[PDB]
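Presented below, as structure tokens, is a lone chain in the form solved without 3-isobutyl-1-methylxanthine (IBM).
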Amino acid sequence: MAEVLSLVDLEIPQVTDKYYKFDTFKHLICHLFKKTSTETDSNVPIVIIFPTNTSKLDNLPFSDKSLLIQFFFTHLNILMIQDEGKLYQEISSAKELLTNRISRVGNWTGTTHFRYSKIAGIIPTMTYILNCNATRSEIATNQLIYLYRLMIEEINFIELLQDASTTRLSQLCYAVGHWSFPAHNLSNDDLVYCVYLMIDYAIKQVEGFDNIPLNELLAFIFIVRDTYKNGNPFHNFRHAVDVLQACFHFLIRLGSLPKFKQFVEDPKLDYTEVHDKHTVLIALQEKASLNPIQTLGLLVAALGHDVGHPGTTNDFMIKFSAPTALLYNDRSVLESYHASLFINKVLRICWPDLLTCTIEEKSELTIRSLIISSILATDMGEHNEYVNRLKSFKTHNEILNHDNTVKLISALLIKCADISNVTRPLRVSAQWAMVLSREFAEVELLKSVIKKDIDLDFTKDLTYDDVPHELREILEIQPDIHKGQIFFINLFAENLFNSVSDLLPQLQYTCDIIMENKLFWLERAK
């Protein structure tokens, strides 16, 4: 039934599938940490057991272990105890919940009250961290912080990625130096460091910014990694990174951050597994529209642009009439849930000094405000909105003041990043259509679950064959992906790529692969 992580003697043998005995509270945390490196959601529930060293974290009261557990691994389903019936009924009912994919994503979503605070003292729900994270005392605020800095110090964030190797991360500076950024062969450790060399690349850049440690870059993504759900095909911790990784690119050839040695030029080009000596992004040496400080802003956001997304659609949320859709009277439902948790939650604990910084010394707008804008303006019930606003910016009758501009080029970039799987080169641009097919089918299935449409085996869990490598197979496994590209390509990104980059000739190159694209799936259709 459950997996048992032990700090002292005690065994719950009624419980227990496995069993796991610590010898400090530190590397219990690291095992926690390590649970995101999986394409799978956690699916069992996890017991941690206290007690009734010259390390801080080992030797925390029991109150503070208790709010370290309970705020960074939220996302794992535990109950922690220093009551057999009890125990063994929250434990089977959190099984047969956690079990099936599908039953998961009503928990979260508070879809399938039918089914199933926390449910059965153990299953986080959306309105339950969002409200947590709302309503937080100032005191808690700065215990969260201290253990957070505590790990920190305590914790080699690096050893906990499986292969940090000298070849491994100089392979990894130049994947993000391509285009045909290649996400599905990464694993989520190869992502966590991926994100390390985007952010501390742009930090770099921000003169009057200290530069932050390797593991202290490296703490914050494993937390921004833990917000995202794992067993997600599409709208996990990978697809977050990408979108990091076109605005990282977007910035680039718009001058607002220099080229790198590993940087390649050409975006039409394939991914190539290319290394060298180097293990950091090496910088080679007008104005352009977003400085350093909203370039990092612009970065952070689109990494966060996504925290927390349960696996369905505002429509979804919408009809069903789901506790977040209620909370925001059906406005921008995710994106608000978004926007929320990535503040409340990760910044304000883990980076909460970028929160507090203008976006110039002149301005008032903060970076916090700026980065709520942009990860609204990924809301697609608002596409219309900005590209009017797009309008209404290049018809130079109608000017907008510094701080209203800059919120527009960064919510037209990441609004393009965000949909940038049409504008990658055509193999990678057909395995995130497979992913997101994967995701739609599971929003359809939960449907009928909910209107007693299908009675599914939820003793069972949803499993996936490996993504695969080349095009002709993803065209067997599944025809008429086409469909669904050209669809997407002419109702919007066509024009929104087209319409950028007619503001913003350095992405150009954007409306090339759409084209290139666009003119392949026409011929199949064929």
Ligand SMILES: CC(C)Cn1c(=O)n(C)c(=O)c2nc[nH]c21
Second form
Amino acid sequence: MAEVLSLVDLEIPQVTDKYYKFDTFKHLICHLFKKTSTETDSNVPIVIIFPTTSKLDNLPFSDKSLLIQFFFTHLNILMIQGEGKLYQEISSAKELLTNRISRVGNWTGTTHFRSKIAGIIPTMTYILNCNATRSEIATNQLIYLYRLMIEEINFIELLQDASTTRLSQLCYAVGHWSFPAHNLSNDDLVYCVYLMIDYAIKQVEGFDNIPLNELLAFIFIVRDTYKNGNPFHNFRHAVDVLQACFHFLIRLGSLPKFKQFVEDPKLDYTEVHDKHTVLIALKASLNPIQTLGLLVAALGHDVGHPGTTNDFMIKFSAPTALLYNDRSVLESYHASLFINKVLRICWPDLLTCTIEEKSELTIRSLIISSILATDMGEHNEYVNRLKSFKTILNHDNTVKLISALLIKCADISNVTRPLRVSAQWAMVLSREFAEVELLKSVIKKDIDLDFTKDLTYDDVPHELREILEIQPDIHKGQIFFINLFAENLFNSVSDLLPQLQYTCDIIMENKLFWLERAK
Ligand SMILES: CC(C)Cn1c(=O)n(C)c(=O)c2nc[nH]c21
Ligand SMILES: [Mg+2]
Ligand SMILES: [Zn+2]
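Go ahead and give the structure of the form deposited with 3-isobutyl-1-methylxanthine (IBM) bound, now that the form solved without 3-isobutyl-1-methylxanthine (IBM) is out.
Let us now look at the entire complex, which starts with that chain.
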């Protein structure tokens, strides 16, 4: 029934599937951080058994509990410290967690018929509320626990392959416009984020450089807010959007080029490496701090995404849709979580920076603005505000608009990647859409699923041919989306920012191919 993690000799075989005994709280924590390295949602309840030199290991139970509750909320944990109430709680949680469609229903609050659910499973409203109402004292204690983990956990060791060869490969992967996101593990992707954010931080003048371990801790925490079982809106998508923004900013001159940068965006990915394990560097619209703010916003722009759409949340009266009055439902959620859960604890000093010495506009506000701009329901207004701007805004609102436009472009950049990679994204987006349709049918009682089994997928094919064979008609989704959203956005942005014209070039190349096989 449950995965049991113990710091003591007690056994609870009545509810135990697999039991892990840990010598230290630090090693238990490391086990938990690695759970988001996989491609699947954790689908079993986790019981942690506590007792009735390391600072982590010697924390009072109140602080150990606070750490687990806050940093590992996503893992469906029940904490005990030495039968009927336990068994029923775990049994109920297991019944609700096993199946993907059940999990999405739980998180979104749309399958009530089927606080934390069973005291264990978090919902979007629970997490949103917890982070909005947290006291100053609680906030400072979490900051202390975070710094404690940075002090005592060597995060590079939590990646499966941190060899010199692999790290160099990732530098070159980051350098390709044909970013091979689907060939990178969630561990690989963590290092990719480090490469890009570290590179950006180094360009910011009045701003200290942050050690490898501290950046990695932050990124592990970000990864932990994405749902690994989302076929599309997962940490891979976050890093991909970050990487697209990264390329945009390099090509606009907001960041310098680096030795591993691949100049020609139309090339497919080739696996390259050398002896370097970080990016080696060689007026712009956005200055160094705005550039960093944008990249950070891209990283966090879908945090906590439950694998649905605004339309689903609105039409099925999801609690978060009710909170947000149907207005930018998921994006409001992402912005609130990213700021109040992640950045407030992990990087509070970034939130209080301003976009320039003269400006009162904070990086917090810029991040919020940019994240909110990714709502496709507001797509037309950002396009019109761009066309009005091209034909006036003060500096602050100019920075907001440019940032908004770049993050919008990055968010839907899968259609501007070279065909093969673009097709892989199309396929996983189709998987997620199919899950949403299944969830709707479950809620409407148009289908009865076996909730004792989980949804599993074969790997995304490497080659375009196999993708087209697995689902022909991929073309019509791409044609629809390019005609109604992408073409107009990238053309308009490239008119303002000529360096991004290559995006329009690739879109057309892809469109012509999709139109070809429509015939
Ligand atoms: C977020 C989503 C509804 C928008 N959307 C879409 O509908 N299709 C078909 C795509 O290929 C796509 N790529 C990014 N966003 C996309
Ligand atoms: Mg989004
Ligand atoms: Zn997104």
